[PDB]
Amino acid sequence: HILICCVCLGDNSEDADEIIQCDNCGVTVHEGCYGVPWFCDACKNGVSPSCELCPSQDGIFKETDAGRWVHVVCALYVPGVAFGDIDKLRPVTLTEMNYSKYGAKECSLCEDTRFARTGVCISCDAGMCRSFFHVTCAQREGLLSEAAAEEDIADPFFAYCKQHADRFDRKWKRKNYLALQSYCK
């Protein structure tokens, strides 16, 4: 039986890193992708949160220092976020620099036009490409990648626009993203 991690879109639930599921909302995540009857952090606080950095209300969230909420995935890809905090079991810390970026760019991938200028966009990482999108909008299109440990890249999290993406990687990531809705309550 194949569950999908809503952070990395992988499906391997081995011995060390199992894919656990929130018993309240049904969200599924690698232990290792979340810092880990089990509740996700949002359900432990009885909230269905919105992300400070994107318009998506799906996926899994962590609390910030100031009492707000962000996607784990948005924390991994927005520059200037110390995302190793959740591994250390401490809140996401957003800086003045992060806050000053809200609404600065228009997301080119937004399904709902009303939200294209909300939150914080990332850009394509190929050459000097300047295509902007929310982290979760890129996630939906299969555009978020994590380099393997052996690749020895200091920031292993990167994203490519549709024109520059690995087509194979997009295909199975888009497929696994779509399958996530099937596991929800």
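For clarity, a rigid core is taken as the largest C-alpha set superposing within 1.5 Å between two forms. Shifts are known only where both forms have a C-alpha. Positions refer to the first chain, counted from 1. First, how it differs from the form deposited in another entry.
Once the core is superposed between the two forms, every option in 112, 106, 87, 96 stays below 2 Å in C-alpha shift except 87. Core-superposed difference between the two forms: one segment of three or more residues with every CA shifted 2 Å or more, namely 83-90.
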The other form holds:
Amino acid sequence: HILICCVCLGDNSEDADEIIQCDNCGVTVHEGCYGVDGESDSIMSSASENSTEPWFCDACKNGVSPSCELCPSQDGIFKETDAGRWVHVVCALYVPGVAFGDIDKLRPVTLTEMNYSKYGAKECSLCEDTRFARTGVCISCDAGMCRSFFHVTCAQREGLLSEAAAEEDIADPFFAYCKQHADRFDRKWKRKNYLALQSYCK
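Switching forms now, from the form deposited in one PDB entry to the form deposited in another entry, please provide the structure.
Left out here are the partners and the other molecules; the chain alone remains.
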């Protein structure tokens, strides 16, 4: 019933930044977390007298249920890369050296030789299926010199991903802490919203 954004795990849905839902795969996301904010209503919407219109994420528009170049998870919402592959929005935000082509639409994603050289270089300490602990790219805990490594989506599941507020003026506002260094209150509500996101999509 409650709508949760699968990128930031926030639950606020206002008229300016609405949490929307893909009508084929079911994922739910803030307009602003996916680059579809402030866009005009579709041409198909003139046919309806209803207040809502169908919407489809980019993977479904292309008829794929892709895998991510940067992690082993199959859930969540994706953006296409310049090479025709796919990455999670969340992985693109948190992995260093990965940037969005234009910030307004968050499209496309350009992955470099430097990104690919990090493949498998660290073992993800949170993978539940060790067969994948060395796929993709890990980030590390951002507390001091802590060298704890994990996939962005594995860290998301444990409620470890944080975003600084805009007023804080931190050039890279996306950061993560391992469980040893995390804010316990923040982990709690993020884990709670993650578990509700899993029950709603299924």
